[PDB]
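*Asks:* If you want the building blocks of each chain, they are given just below.
Number of protein chains: 2
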Amino acid sequence: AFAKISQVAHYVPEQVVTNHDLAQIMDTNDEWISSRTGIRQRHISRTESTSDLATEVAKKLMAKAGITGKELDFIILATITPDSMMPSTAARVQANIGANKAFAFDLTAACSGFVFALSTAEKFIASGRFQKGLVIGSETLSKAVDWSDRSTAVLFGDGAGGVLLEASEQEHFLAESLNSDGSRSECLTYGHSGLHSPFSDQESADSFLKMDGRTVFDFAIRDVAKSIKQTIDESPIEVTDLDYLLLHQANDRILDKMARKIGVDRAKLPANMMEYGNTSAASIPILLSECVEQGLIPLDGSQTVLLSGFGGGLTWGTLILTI
Amino acid sequence: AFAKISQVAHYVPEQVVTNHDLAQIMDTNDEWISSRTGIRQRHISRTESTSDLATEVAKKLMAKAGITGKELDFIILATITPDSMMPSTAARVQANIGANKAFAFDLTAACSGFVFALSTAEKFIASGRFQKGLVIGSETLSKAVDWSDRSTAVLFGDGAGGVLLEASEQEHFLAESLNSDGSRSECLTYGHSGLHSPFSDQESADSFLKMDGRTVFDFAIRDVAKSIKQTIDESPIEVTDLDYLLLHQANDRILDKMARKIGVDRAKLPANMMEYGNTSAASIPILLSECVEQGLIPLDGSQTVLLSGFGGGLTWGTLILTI
Ligand SMILES: O=C(O)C1CCN(c2ccc(-c3cc(CO)ccc3Cl)cn2)CC1
Ligand SMILES: O=C(O)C1CCN(c2ccc(-c3cc(CO)ccc3Cl)cn2)CC1
Ligand code: NA
Ligand code: NA
Numbered sequence: 002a003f004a005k006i007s008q009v010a011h012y013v014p015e016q017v018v019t020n021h022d023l024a025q026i027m028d029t030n031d032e033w034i035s036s037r038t039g040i041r042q043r044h045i046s047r048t049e050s051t052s053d054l055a056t057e058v059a060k061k062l063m064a065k066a067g068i069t070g071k072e073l074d075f076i077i078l079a080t081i082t083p084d085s086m087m088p089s090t091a092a093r094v095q096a097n098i099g100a101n102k103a104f105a106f107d108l109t110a111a112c113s114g115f116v117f118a119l120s121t122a123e124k125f126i127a128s129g130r131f132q133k134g135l136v137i138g139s140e141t142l143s144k145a146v147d148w149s150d151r152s153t154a155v156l157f158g159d160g161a162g163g164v165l166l167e168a169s170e171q172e173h174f175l176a177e178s179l180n181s182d183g184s185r186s187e188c189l190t191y192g193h194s195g196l197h198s199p200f201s202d203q204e205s206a207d208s209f210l211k212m213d214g215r216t217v218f219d220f221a222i223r224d225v226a227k228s229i230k231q232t233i234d235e236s237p238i239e240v241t242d243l244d245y246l247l248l249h250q251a252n253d254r255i256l257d258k259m260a261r262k263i264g265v266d267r268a269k270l271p272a273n274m275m276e277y278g279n280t281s282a283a284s285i286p287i288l289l290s291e292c293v294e295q296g297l298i299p300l301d302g303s304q305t306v307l308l309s310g311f312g313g314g315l316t317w318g319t320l321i322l323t324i
Numbered sequence: 002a003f004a005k006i007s008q009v010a011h012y013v014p015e016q017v018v019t020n021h022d023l024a025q026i027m028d029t030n031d032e033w034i035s036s037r038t039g040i041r042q043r044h045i046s047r048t049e050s051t052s053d054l055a056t057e058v059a060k061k062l063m064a065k066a067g068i069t070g071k072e073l074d075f076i077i078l079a080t081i082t083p084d085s086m087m088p089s090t091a092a093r094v095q096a097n098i099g100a101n102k103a104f105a106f107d108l109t110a111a112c113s114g115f116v117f118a119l120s121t122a123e124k125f126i127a128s129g130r131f132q133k134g135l136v137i138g139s140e141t142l143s144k145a146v147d148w149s150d151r152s153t154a155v156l157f158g159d160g161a162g163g164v165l166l167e168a169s170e171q172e173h174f175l176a177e178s179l180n181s182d183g184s185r186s187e188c189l190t191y192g193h194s195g196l197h198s199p200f201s202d203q204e205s206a207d208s209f210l211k212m213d214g215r216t217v218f219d220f221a222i223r224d225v226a227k228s229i230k231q232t233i234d235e236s237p238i239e240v241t242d243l244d245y246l247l248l249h250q251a252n253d254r255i256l257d258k259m260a261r262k263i264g265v266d267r268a269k270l271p272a273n274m275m276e277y278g279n280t281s282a283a284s285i286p287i288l289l290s291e292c293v294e295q296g297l298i299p300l301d302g303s304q305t306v307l308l309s310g311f312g313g314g315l316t317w318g319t320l321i322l323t324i
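Protein chains in written order, with the authors' numbering: chain B, 2 to 324; chain A, 2 to 324.
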């Protein structure tokens, strides 16, 4: 059994926060943010949770496929900003769309979450006992960032993107490389949850998003770019066969640098952090959804695309597929 | 390829909190807790995080198998009480045991987490790309419970249990039924994380563990018991072929009742909530580990066992396997 991406969709909260709006609450400016990262604005949720954003993506995916909730076999959701630990974010989406026949769970792998969840979903479809399912990356990073920290608060945004993954007669998944390095975990942190009991030692650590920018920058440009190049090398295709390389949207300068290191022209690495900022697990499927919306990717099996998510854990995952 | 459980292990923090110790911080007693739930004591972490407990399980599994961290292909961890969202709990274990070739992620499915993670892990081994991996359920529910609420605070404990899942040429996974019903999610809640930004509207909500005890009790006795019976019916085995039915360790009276509903004698449903309380995702693998420790389960492929986790989401998962 084989899996294929049949539909793509994205949803961002309507509220737009420009770099200029940020300059009004912190010591930053549009020139500094845009030059260093490529980000011009980002969407910030006013009233919507991570499951709310993911619900909109699910509804959009089913409408495009002409299916109802009951037809789904699973919902796998990648987030580091769930509404709650219990119920999972995926179970909330399941309730919202009436997916009474599906099983639901969240997967935690930060910025590599969508790729890890898509690989996981593919293994369930490969068993031949699951025919259709949703794979959604959704985040409300606005609730995670330290708004008093100008170095990180300007980097992240909110949004959700996802795909409908289905059983196919054609092998679309050509290669995969899922990786982690927890020995470098302290360079990207969020959501510390200390012990709290009349029998536990008093704990107090910073739970807001924290990052060692230089460490992560070098990780992406050296470790991740090498890993992508090795994935292509081990795959049945060559670098020139790739139509697009859809990478985690964290920094535009990083995309230029990774593109050089991989040895592909920058035109093959699309970017949209200019509009959305960095949306962690949602970053690749929002980018993919816009590529389809703009006719860049028809979703007719005519293209070979590489997906590469990288971030917290440290985690990095690369998929090469026919789309 | 096929997957099989080769090693099992468990770890609980040394600190033991008896029902008598609880009677000192709340108006409860040993007699009332034991009669209604079967729980006599539980382990409460003093200084150890969820990843710390899971690290001990990983070290124990590798020692039993006579392997090192570099031999592992993956680490999949089920929890609703992670140390942090980023890095994942599994990435922390990866760092702690030096698992440099493994990928790591956490799976969120509350009390069904270990079963969902074991099913997921089996799909990764089934691909033939992976040979060995860890599947661990780990919780520090002590940090989740409302210690001012005598109705729930006495129910939960801390601990971790897990397995080493390896490639085999012989089939071990005979049947599975993974299910969810988010439409009934409000009866078991924990870890609400509201929006928090200069651009967000936040009303705030109770983040401590909350439960509608009779709704969950009735769900286990009706919905889950029926689902287990249907899993056996659809599987290539019959009820009488089962050596043991290892169920989520929430309540001893529930175990008596679904054993009657399933139509199996109570001797086939082992229990250990007497020592550990309810450890959510860790409950089944701690129970399995003790069954092996006591020679009940030799791990030599001679037995047919059913695993059934059920809880928050709502989620419920059943696996039938040769062990
Ligand atoms: O040049 C500067 O001034 C700075 C230099 C540091 N920068 C960085 C560095 C790393 C990331 C990043 C973040 C994630 C999300 O977890 C994932 C992946 C990446 Cl590569 C984002 N920005 C900002 C501009
Ligand atoms: O008899 C009494 O007074 C009360 C009656 C209510 N009780 C309950 C109710 C539900 C659960 C439970 C919890 C989870 C979450 O892990 C999952 C599955 C179950 Cl079935 C445990 N105890 C406590 C004793
Ligand atoms: Na190649
Ligand atoms: Na049967």
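Just so you know, the hints here were simulated from the structure itself, not pulled from any lab data.
Errors might be hidden in some of the hints.
[Unchecked claim] Here are some of the chain A residues that sit facing chain B, going by a computed Cβ distance under 8 Å: (1) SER85; (2) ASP202; (3) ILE222.
[To be verified] Far from chain A, some chain B residues (derived; all Cβ distances over 10 Å): (4) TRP33; (5) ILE45; (6) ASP84; (7) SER89; (8) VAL94; (9) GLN95; (10) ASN97; (11) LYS124; (12) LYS144; (13) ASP182; (14) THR190; (15) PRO237; (16) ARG261; (17) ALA272; (18) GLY312.
Just so you know, even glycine gets a beta-carbon here, dropped at the ideal spot from N, CA and C.
*Asks:* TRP33(B) clear of chain A by more than 10 Å, beta carbon to beta carbon?
*Replies:* Per Cβ check, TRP33(B) is outside 10 Å of chain A; nearest 19 Å; holds.
*Asks:* So, as I understand it, the hint says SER85(A) touches chain B; can you test that by seeing if any CB pair is closer than 8 Å?
*Replies:* At 5 Å from the nearest chain B Cβ, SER85(A) passes the 8 Å test, so the hint holds.
*Asks:* Could you check that no beta carbon of chain A comes within 10 Å of the beta carbon of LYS144(B)?
*Replies:* violated, 5 Å
*Asks:* Please verify that hint: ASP202(A), Cβ, nearest Cβ of chain B, below 8 Å or not.
*Replies:* holds, 5 Å
*Asks:* Over 10 Å to the closest beta carbon of chain A is the bar; see if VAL94(B) clears it.
*Replies:* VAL94(B) is in fact no farther than 10 Å from some Cβ atom of chain A, at 7 Å.
*Asks:* Going by Cβ atoms, does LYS124(B) stay more than 10 Å from chain A at every point?
*Replies:* Answer for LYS124(B): violated, closest chain A Cβ roughly 3 Å.
*Asks:* A cut-off of 10 Å on Cβ-Cβ distance, and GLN95(B) was said to be off the interface with chain A. Does that hold?
*Replies:* Label violated. Min Cβ-Cβ 4 Å, cutoff 10 Å.
*Asks:* When you look at the beta carbon of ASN97(B), is every beta carbon of chain A farther off than 10 Å?
*Replies:* violated, 8 Å
*Asks:* Any Cβ of chain A at or closer than 10 Å to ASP182(B), or is the non-interface label fine?
*Replies:* violated, 7 Å
*Asks:* Hey, does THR190(B) actually stay past 10 Å from chain A on C-beta?
*Replies:* violated, 6 Å
*Asks:* With d taken as the least Cβ-Cβ distance between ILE45(B) and chain A, does d exceed 10 Å?
*Replies:* violated, 4 Å
*Asks:* For the restraint on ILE222(A), tell me whether the closest CB of chain B is nearer than 8 Å.
*Replies:* violated, 20 Å
The structure fails to meet hints 3, 5, 6, 7, 8, 9, 10, 11, 12, 13, 14, 18 from the earlier list, while all remaining hints are met.
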